[PDB]
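**Q** Spelled out, the chains give:
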Amino acid sequence: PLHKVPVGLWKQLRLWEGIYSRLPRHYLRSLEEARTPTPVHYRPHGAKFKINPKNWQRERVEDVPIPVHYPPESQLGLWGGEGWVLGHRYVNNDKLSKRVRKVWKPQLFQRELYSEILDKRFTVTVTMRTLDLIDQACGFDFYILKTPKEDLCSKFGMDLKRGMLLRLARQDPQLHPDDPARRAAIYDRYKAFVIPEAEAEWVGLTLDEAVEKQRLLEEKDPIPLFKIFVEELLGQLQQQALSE
Amino acid sequence: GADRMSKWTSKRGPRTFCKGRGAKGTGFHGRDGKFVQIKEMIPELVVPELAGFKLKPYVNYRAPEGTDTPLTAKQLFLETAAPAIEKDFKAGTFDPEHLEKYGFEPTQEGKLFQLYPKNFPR
Amino acid sequence: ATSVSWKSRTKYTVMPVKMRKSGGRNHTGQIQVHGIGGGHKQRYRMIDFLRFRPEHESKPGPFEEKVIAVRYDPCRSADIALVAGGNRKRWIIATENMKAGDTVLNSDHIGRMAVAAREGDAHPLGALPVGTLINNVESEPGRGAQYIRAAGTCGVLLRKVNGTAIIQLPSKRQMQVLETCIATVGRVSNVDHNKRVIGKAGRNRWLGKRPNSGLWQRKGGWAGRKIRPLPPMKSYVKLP
Amino acid sequence: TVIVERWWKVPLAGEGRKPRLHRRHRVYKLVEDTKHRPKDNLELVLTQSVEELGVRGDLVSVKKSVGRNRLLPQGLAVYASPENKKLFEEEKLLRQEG
Amino acid sequence: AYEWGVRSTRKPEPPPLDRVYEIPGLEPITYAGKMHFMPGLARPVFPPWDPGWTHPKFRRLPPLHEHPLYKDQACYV
Amino acid sequence: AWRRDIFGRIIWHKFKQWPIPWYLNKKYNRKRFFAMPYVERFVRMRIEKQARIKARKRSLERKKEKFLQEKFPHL
RNA sequence: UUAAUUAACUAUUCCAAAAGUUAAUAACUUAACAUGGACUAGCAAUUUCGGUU
RNA sequence: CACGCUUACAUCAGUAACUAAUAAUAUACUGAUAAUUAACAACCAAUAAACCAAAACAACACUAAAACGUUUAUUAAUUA
RNA sequence: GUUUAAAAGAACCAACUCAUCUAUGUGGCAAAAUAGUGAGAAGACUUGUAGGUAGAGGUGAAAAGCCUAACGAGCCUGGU
RNA sequence: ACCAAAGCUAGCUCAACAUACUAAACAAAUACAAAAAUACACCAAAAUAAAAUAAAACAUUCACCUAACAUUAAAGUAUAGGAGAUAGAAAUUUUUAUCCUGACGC
Ligand SMILES: [Mg+2]
Ligand SMILES: [Mg+2]
Ligand SMILES: [Mg+2]
Ligand SMILES: [Mg+2]
Ligand SMILES: [Mg+2]
Ligand SMILES: [Mg+2]
Ligand SMILES: [Mg+2]
Ligand SMILES: [Mg+2]
Ligand SMILES: [Mg+2]
Ligand SMILES: [Mg+2]
Ligand SMILES: [Mg+2]
Ligand SMILES: [Mg+2]
Ligand SMILES: [Mg+2]
Ligand SMILES: [Mg+2]
Ligand SMILES: [Mg+2]
Ligand SMILES: [Mg+2]
Ligand SMILES: [Mg+2]
Ligand SMILES: [Mg+2]
Ligand SMILES: [Mg+2]
Ligand SMILES: [Mg+2]
Ligand SMILES: [Mg+2]
Ligand SMILES: [Mg+2]
Ligand SMILES: [Mg+2]
Ligand SMILES: [Mg+2]
Ligand SMILES: [Mg+2]
Ligand SMILES: [Mg+2]
Ligand SMILES: [Mg+2]
Ligand SMILES: [Mg+2]
Ligand SMILES: [Mg+2]
Ligand SMILES: [Mg+2]
Ligand SMILES: [Mg+2]
Ligand SMILES: [Mg+2]
Ligand SMILES: [Mg+2]
Ligand SMILES: [Mg+2]
Ligand SMILES: [Mg+2]
Ligand SMILES: [Mg+2]
Ligand SMILES: [Mg+2]
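Protein sequences appear in the order of chains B1, Be, BD, BI, Ba and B2. Numbers given in the deposited numbering equal positions in the first sequence, counted from 1, plus 1. Numbers given in the deposited numbering equal positions in the second sequence, counted from 1, plus 13. Numbers given in the deposited numbering equal positions in the third sequence, counted from 1, plus 60. Numbers given in the deposited numbering equal positions in the fourth sequence, counted from 1, plus 52. Numbers given in the deposited numbering equal positions in the fifth sequence, counted from 1, plus 29. Numbers given in the deposited numbering equal positions in the sixth sequence, counted from 1, plus 168.
Hint data in this document are derived by calculation from the structure and do not stem from the laboratory. Any given hint could be a false lead.
Said to hold, decoys possible - Straight-line alpha carbon distances no greater than 20 Å define the calculated EDC-like cross-link-like pairs of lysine to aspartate or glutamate that follow:
(1) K255 (chain BD) <-> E117 (chain BD)
(2) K106 (chain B1) <-> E67 (chain BI)
(3) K71 (chain BD) <-> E32 (chain Ba)
(4) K184 (chain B2) <-> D173 (chain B2)
(5) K228 (chain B1) <-> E62 (chain Be)
(6) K61 (chain BI) <-> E117 (chain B1)
(7) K194 (chain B2) <-> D79 (chain Ba)
(8) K103 (chain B1) <-> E135 (chain BI)
(9) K147 (chain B1) <-> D133 (chain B1)
(10) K116 (chain BI) <-> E232 (chain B1)
(11) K221 (chain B1) <-> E118 (chain Be)
(12) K192 (chain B1) <-> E117 (chain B1)
(13) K12 (chain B1) <-> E210 (chain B1)
(14) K61 (chain BI) <-> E63 (chain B1)
(15) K70 (chain BI) <-> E63 (chain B1)
(16) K51 (chain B1) <-> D85 (chain BI)
(17) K184 (chain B2) <-> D101 (chain Be)
(18) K192 (chain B1) <-> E135 (chain BI)
(19) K106 (chain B1) <-> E135 (chain BI)
(20) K100 (chain Be) <-> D133 (chain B1)
(21) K228 (chain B1) <-> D108 (chain Be)
(22) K116 (chain BI) <-> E113 (chain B1)
(23) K96 (chain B1) <-> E135 (chain BI)
(24) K115 (chain BI) <-> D189 (chain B1)
(25) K51 (chain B1) <-> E149 (chain BI)
(26) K114 (chain Be) <-> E117 (chain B1)
(27) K121 (chain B1) <-> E56 (chain Ba)
(28) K106 (chain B1) <-> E84 (chain BI)
(29) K147 (chain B1) <-> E135 (chain BI)
(30) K61 (chain BI) <-> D95 (chain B1)
(31) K150 (chain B1) <-> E33 (chain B1)
(32) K87 (chain Be) <-> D95 (chain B1)
(33) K81 (chain BI) <-> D64 (chain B1)
(34) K228 (chain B1) <-> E57 (chain Be)
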């Protein structure tokens, strides 16, 4: 006895079946697509081919992403897409010596960052690379909207992105009811990331949260059979009246 | 040592363990430590009068049976509400906004023995 | 599972409350302190180390109370004394010559004149003479007498410079604090606690001291008569 | 941020398949430490008259500490992006005339 | 002073609200619809449950100042 | 309601009558209705066992039909 | 353990990171956390005890 | 009596054989039928305050400082 | 129970707790027993119920003892 | 002559197809000490794979070792190895549907 469908596609079959299929197709494709994250720890190489310094011949060199671990505490902050590097090393930088397991952790910082779109100061545990990415993107909300999920790797960042996208799509007057001119000035400088409302509330959602939201949207009480019977009787009476 | 196949009952335990066999509670504990029984929790067996009831626990063997026809919602509707609804529609007094006069109930919390929460035992 | 502490009592109570001792066991369950356990059943008497504590905030002036009775306390080495002030009683640490039916004063008024130092008096360090013996001293104004409490132990006030009190502890170390730290003048009761002679091994089991292990361990570098210089003066004045 | 590199080379897989990693492929060497490299300067355009940096409408390079703790949170300066640089350019063009 | 309360034995403070509750203008997706806990969802904050019908035995105790005999001048009984 | 207990199985959990809501009951709160990351292995094992049972039952039926056909050549 | 390789953790110390302070590029401090690289010791981790006699 | 085993307990019938370390027969096997009835026991108030002062015939004491309790005000569905 | 102003980690000696010596037993009554004979027996005492400390460890009035009949470090499964 | 021996069946094993994968029973009770209807909450947790083998030892290393891309070749090639044991690609090539499935398996 063997499995007709391998175990590697059971998740895809569960997505194409069940209530997972009733999800919006844009969210389904956003979850299906697998973009390689940006190199955060490993230093990548430029060209695909390289001359072997010992053999003096061309050989194809492929970049291998180093597996990184994200602790659950990283989801409460914005570490810029990094985490714990679990690996091995050779003490004294000598191969002939012993092998020692090592856990490299990023230097965490308790920092307060102010956002323009939401107008709130969040005390987020960010790191130096996070601050450098912010200053490179020239704005906190700019960085949030430009870096995708594969680069953020933070549920907090995804929630920030979804919230600010919903605000930009709905044009919430609650931002500055006292200064509509300032509200419009803030909204105009982010008009390149405008996403319609049909998709602005399906970016920062996980699988279980999306399933729960779809269940809440599809939850309806069962219609009593008396209504169906009365409808059928009215239809039959109309047919009998028109056939005469 | 001990057993794991027999059912864990009230007799296989110490004094501090007294599990009920499955009876339904009929009250609570009072003030001085006694048990106060509530007359609203005890089942009031509603038994009718069987004096002028002309029916026996058995039937005549010569009596013929009937075809197995389970009662369904459509047949119940056709027997109960269809005539009145058809008469009202023929007369022109049919109202899709109010169907309570035909037997339909909007909610269940209005009457005593509701159907979905199943307030009555039997 | 994890053990729960017995110290769940927010309200102050004059009557002794019950306590559950634990011999070297932390909240985990492993032995962390060797040589504790198997003691006699003891109660706990709540002690208010904050001496100057007014009953009502309306009249924060210095107040006088009367000693009721000096009893023994099994938790610590010193003897406790119940003192009533206003409408409430409290257990405090009795001084050397504190007897039944005595007067205790609690004041915080600092004055240019030195105040007569009694035994029951509780005045700030700045108002006391420069050569007195005190006990139950404090660290910060309004923190609590965490320091000397043992029977017979007493520190000595050395000098007061630039609004700052300097004391010498029983460990011959200097402690620099603010002059608003309330302290009790005199020596602690039961000055003969060191002269006691445990008659038999049973008294240690009664007090709750299990015997040491029998593993013969060779002496290391730690052993020997080390003559160390006196540690520096410990200061609590947060200088800007 | 730490930068690590593998000791043993990983065999190639050019048909879109994932590389077949092994136990010995976890041996990492710390080839570079980002926090130890010389820090760069942050360039910002002032929106007010700062005593230390200069007058309003000037681009200055300050250290990242002050740039992230003093100028941006207090609104004393904004980023040097071209979108905000165009505003300062048009302000200078309108100022130098009248 | 010295507070007579112990942090380990006191009632613990409720956990910090999830990061979804700090997003202005966004309804968090909780497990209040399934009437049971599931990991990955947000913590639903429930309103103060009010027993519309007064139950004698299982209700809270009314305050001292609510009673009609409550007076300002304290009496030493 | 169709619930998924800690054992990975799908059960039809009935509802009980309670005077308090679901978020204030001590007995109902400490119940777990979800699958842990260690239960998928046992779920797959049970699936494999049931598939094996069905497969060997099918093989038994097939062989019994073969035996009956070889015993009664009425065709 | 005075054998050969040297872990993780805990108490030292130093440097880098971060928070900052002064003046016309320069000097200085680290409450509780807290990362990486070096230093001193415990707790210790793996391995072995050449052959003819 | 508490803890633990659950019918091995009681009546009738049989033991050629099965269990008793052997016979007789039978509380220890077989088959059938019945059984332990609550007053004893289990579960069977909180909310704040007044409450320092040992049990040892406890008069009153020693040190190793000692388990075991009432009253007051508001709420404890009220009905074999 | 007796001596004792004593409930003195006092003394004689019961229930009780250990196991000094000898004799049977060594596939025995018993995978540690019986008989005779011993020490403690108001305390560093025995014991009922219930909870905790779990093996790179727990615990230990150090025997390298005990951790469900084999402990120089328990048992089961997996690598096998 | 006792004790005794003999049946051919219950059924399994290997695969191919395959709906597309936690069967049926779920009246009431079932994570209080499971099958106990019934009261003011609490709910959750991750942190590399190790060695037993080989190198006649054993420290760097030792295919798989419960992670998908399959097959014909390149090829056991380049390479990685106390350069020892051993490990080991890639670029680039081939693969035409269905039924004909039962058993030189007990
Ligand atoms: Mg058993
Ligand atoms: Mg019982
Ligand atoms: Mg019993
Ligand atoms: Mg009754
Ligand atoms: Mg004492
Ligand atoms: Mg003590
Ligand atoms: Mg000693
Ligand atoms: Mg010794
Ligand atoms: Mg290929
Ligand atoms: Mg050495
Ligand atoms: Mg060793
Ligand atoms: Mg090793
Ligand atoms: Mg060794
Ligand atoms: Mg040798
Ligand atoms: Mg030899
Ligand atoms: Mg010789
Ligand atoms: Mg038995
Ligand atoms: Mg017989
Ligand atoms: Mg019988
Ligand atoms: Mg004696
Ligand atoms: Mg001897
Ligand atoms: Mg004997
Ligand atoms: Mg004799
Ligand atoms: Mg004797
Ligand atoms: Mg003697
Ligand atoms: Mg006696
Ligand atoms: Mg070892
Ligand atoms: Mg050990
Ligand atoms: Mg020894
Ligand atoms: Mg020895
Ligand atoms: Mg054993
Ligand atoms: Mg090994
Ligand atoms: Mg070898
Ligand atoms: Mg060999
Ligand atoms: Mg291996
Ligand atoms: Mg080399
Ligand atoms: Mg060699």
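**Q** With reference to the structure, classify each hint as holding or not holding.
**A** Do the hints match the structure? See the list:
1. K255 (chain BD) <-> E117 (chain BD): Not OK: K255 (chain BD) and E117 (chain BD) at ~44 Å, beyond 20 Å, violated.
2. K106 (chain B1) <-> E67 (chain BI): violated (34 Å)
3. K71 (chain BD) <-> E32 (chain Ba): holds (9 Å)
4. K184 (chain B2) <-> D173 (chain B2): The hint holds at about 17 Å.
5. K228 (chain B1) <-> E62 (chain Be): violated (39 Å)
6. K61 (chain BI) <-> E117 (chain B1): violated (47 Å)
7. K194 (chain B2) <-> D79 (chain Ba): Status holds; Cα separation ~18 Å.
8. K103 (chain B1) <-> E135 (chain BI): violated (45 Å)
9. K147 (chain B1) <-> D133 (chain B1): With a Cα-Cα distance of about 14 Å, the restraint between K147 (chain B1) and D133 (chain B1) holds, given a limit of 20 Å.
10. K116 (chain BI) <-> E232 (chain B1): violated (72 Å)
11. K221 (chain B1) <-> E118 (chain Be): Given pair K221 (chain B1), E118 (chain Be) holds - Cα atoms ~19 Å apart, limit 20 Å.
12. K192 (chain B1) <-> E117 (chain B1): Within the cut-off at roughly 14 Å; holds.
13. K12 (chain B1) <-> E210 (chain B1): holds (17 Å)
14. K61 (chain BI) <-> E63 (chain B1): holds (10 Å)
15. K70 (chain BI) <-> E63 (chain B1): It holds: about 11 Å lies between the C-alpha atoms, which stays within 20 Å.
16. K51 (chain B1) <-> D85 (chain BI): Judged against 20 Å, a Cα distance of about 26 Å means the pair is violated.
17. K184 (chain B2) <-> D101 (chain Be): violated (43 Å)
18. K192 (chain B1) <-> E135 (chain BI): Within the cut-off at roughly 13 Å; holds.
19. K106 (chain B1) <-> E135 (chain BI): violated (37 Å)
20. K100 (chain Be) <-> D133 (chain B1): violated (80 Å)
21. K228 (chain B1) <-> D108 (chain Be): holds (13 Å)
22. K116 (chain BI) <-> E113 (chain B1): Holds, at about 15 Å.
23. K96 (chain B1) <-> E135 (chain BI): violated (52 Å)
24. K115 (chain BI) <-> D189 (chain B1): violated (30 Å)
25. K51 (chain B1) <-> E149 (chain BI): violated (58 Å)
26. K114 (chain Be) <-> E117 (chain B1): violated (60 Å)
27. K121 (chain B1) <-> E56 (chain Ba): holds (17 Å)
28. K106 (chain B1) <-> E84 (chain BI): holds (15 Å)
29. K147 (chain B1) <-> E135 (chain BI): This hinted pair holds, its Cα atoms lying about 16 Å apart.
30. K61 (chain BI) <-> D95 (chain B1): holds (17 Å)
31. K150 (chain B1) <-> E33 (chain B1): The hint holds at about 13 Å.
32. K87 (chain Be) <-> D95 (chain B1): It is violated: about 86 Å lies between the C-alpha atoms, which goes past 20 Å.
33. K81 (chain BI) <-> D64 (chain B1): Holds, at roughly 16 Å.
34. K228 (chain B1) <-> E57 (chain Be): violated (37 Å)
The structure does not agree with the numbered hints 1, 2, 5, 6, 8, 10, 16, 17, 19, 20, 23, 24, 25, 26, 32 and 34 stated previously, though it agrees with the rest.
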